[PDB]
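What follows is a single chain, given as structure tokens, in the form deposited in one PDB entry.
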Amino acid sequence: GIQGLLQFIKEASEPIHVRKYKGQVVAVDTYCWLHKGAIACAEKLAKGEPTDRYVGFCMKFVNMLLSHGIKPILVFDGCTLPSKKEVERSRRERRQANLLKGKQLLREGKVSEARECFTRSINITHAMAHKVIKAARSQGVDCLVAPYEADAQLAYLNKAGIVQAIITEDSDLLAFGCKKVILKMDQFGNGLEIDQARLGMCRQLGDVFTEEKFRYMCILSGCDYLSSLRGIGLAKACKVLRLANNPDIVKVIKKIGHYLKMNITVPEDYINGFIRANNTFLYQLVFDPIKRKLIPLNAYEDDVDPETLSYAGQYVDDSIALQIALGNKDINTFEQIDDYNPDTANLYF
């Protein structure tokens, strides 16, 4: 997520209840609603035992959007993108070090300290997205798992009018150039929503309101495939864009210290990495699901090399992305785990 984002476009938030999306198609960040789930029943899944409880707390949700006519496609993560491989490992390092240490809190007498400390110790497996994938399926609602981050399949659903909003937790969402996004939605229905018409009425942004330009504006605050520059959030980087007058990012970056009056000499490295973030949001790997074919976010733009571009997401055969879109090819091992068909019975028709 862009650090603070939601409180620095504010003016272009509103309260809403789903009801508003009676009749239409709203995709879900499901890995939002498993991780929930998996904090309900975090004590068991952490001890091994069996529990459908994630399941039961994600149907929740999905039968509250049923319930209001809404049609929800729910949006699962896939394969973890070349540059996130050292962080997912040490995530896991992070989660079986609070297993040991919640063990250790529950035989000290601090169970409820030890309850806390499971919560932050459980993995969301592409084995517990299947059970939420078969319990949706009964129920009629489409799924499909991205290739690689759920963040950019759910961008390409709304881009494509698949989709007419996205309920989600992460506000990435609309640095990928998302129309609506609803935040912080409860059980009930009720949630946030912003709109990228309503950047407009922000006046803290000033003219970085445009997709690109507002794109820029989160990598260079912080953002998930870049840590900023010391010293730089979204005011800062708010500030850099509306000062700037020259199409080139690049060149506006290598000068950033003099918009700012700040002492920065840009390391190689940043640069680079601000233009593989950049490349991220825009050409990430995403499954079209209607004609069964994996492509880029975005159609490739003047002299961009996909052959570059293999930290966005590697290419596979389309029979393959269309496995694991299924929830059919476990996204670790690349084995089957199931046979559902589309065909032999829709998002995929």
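Positions refer to the first chain, counted from 1. Note that the rigid core is defined as the largest set of C-alphas that superpose within 1.5 Å between two forms. Compared with the form deposited in another entry:
When both forms sit on the same rigid core, the CA shifts between these two forms reach 2 angstroms or more only at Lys84 out of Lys179, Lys71, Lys84, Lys236.
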The other form holds:
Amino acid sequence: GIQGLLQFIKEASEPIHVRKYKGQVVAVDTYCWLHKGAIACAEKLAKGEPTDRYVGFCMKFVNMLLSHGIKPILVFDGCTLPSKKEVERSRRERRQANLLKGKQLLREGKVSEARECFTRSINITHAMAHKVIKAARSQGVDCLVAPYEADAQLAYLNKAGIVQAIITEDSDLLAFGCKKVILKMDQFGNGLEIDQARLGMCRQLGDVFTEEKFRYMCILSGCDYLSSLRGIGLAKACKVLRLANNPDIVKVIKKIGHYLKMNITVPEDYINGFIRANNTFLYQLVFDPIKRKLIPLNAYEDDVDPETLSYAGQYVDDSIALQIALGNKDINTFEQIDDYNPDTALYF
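Can I have the other form now, the form deposited in another entry, not the form deposited in one PDB entry?
Since only the chain itself is given, any partners or molecules it might have are not part of what comes next.
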């Protein structure tokens, strides 16, 4: 989650409509619709009571995309990436804390505060996601569960040419290298569009419109993989990459004080963490729908060594990866919950 990236490159945005992508294919970060739909029924989820409103909430958007002649591909989150496990456990503690706090505020009579706390404790399980999967497949909509983050999966789908745009609310997709990203889309088809090619319209960027420099900037600003240094944000990082001509990022980071004229002390931890975050943004494991195989987001460069990228995701057998991608296999228990087969009728 690049803190305030949208406001920073606002000059590259454009109010559009989904009708623009008629006859084409788009992929959706379904967690957004799932979350927003889960907000509507927070109490039943917090109490464990049966509910199915978020499903219809997703199906509204889905039926809209279908009505405007668009081909949607719902992408869901899979396994938890080790690089973002600290934040994961943080939210894991916070949601349970807010859960118990909600259960306690339920006894004080303050129902509004209890619901307000039940809203900030929403946990999107893979069972709900699976419900959305089956419900979407009922309408003939192709689904795909990412081996890890849905961000990398959507990124691959957009960069490979399977889809032409990505529907989401997360600006991380821009740092992954998505060509076109649709944001702020309502249930009618009204949203914003941030095109990569139009990043040059942002004067505040300068010569930082290339994918590599944009990535470096996003990481230096502080991502979900590596926390930024105390005092460094988007503008100062952009300034660093603007005033620097050296392609080797390591020396640049080592002289970040020389570029910004600030007494900045850079630990080795932040260097290794930077290389780590970069390798996570570049070579995170995704799943090829057509060839049915676990692949990195981008082709392995000569300067990198795949054996030292466990944090970017661990490899498993492609059959298991297929069973996870289809949603037949549970993400946690690794047990077979469903038995869907695309061979009996995206993948083809």
